[PDB]
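The chain below stands alone, shown as structure tokens; this is the form solved without its partner chain.
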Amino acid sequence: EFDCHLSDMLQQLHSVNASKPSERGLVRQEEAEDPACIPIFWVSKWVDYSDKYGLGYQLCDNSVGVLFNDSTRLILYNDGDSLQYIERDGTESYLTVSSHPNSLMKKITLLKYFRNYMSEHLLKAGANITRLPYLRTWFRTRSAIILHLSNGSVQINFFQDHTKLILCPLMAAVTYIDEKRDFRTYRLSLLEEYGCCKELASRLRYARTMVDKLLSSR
């Protein structure tokens, strides 16, 4: 089953949640940190225009992408000129804006509209910290937006309090961005051992459920 690491992520989340890390008593959350699992990629900005066009987003490396409603993806690298186009069937090709390709004129123009909106009206998430993936799929609930990247990472942005989770199954790690914009990366195995606060635990339970929904909609 090639489900872009979701089954692994779900396994990792079941085990930690099953351990009931908020009940430990003697809780030592700091001992579960591991800055060697700090993620390289996450979504720093997003704009949902899914009624008409698609979902536009910026990655922390300043590349921008769009997942169109026709289920193709266009990625503009941070050089502002190199494009990666992912067709319906997963087939990838590379081009440049400057070659002014008839084929992708409309989709490039849209990506540029998204790009400019984000630069003028949105703030960069994770800004206070230092292969290029595309957005595989996303959905939103009343409480959050869930973004699944092609590298297996799942990001969950909670609207309410602006907290964010970035789950990386390759490292069996989770990064938590709290309301104060503080940024902490944990090994899930070590959260099972040392435990955590009710807040992070609750969001990890929520994450399991969101990963289930992603797996249920392939």
The other form holds:
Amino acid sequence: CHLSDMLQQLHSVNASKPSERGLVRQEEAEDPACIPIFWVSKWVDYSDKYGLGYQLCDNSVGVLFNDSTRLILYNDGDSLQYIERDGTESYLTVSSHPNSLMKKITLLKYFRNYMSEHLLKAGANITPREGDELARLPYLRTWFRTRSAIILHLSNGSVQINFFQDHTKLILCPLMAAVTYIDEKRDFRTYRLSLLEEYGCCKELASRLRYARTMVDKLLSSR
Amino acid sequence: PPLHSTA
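Requested next: the structure of the form deposited with its partner chain bound (the form solved without its partner chain having been shown above).
Following is the full complex, with the preceding chain placed first.
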């Protein structure tokens, strides 16, 4: 799931000690063409009873249920993707009345209602990169929480890490070999990892990339 | 840890 490539990319950037450079030129590592197609804009952990609900930046919503099934509702509020335990996938609509999914659809709508009522949309002011017209939406593969962060792994290979204390977030893509950093002031910047290696970066980003490698190691080992 | 994203 591209995790191995992610780990190697992070190992390489971190080994270069990017914050120990004197004349840091972080802006030279920016590549707005590498902005992600998707990131997680909201989430709610109700895994003690139902599962983990989330919103993607395109306003689609999803749930990773406790039975290890996944349901996605598109931003049109009708189109569905349903992914079974084995990875089997169906493309359906709510309006067609899929009898056997109506319960799970209802649960997803309750997740959707809670998120709309209560939660802020991360990166709301940023236009995501356009994907291929015939590309399916990714699902949440896995997630875990530490004392300091939530780690979210999408089926397109992206790894997202949200830090609780200061609301800073990383979105890592192994296909672009890029990192998006959303800072304490909500500033959204996308960098090529190889260019961070060459040009350097601030202590704040470097520290978070070190933590990211530890998290990616955990994702890799828990497979 | 928290049970939801930023409210």
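Numbering follows the first chain given and starts at 1. Only the largest set of C-alpha atoms that superpose within 1.5 Å between the two forms is called the rigid core.
Q. If you fit the two forms on their rigid core, which residue out of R88, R140, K124, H100 shows a CA shift of at least 2 Å between these two forms?
A. With the rigid core superposed, the residue that stands out is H100.
Q.
When the rigid core is overlaid, by how much has the CA of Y186 moved between these two forms, in Å to one decimal?
A. Its C-alpha position differs by 0.2 Å.
Q) Superposing on the core, what C-alpha displacement does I40 show between these two forms, in angstrom? A) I40 is displaced by 1.0 Å at its C-alpha.
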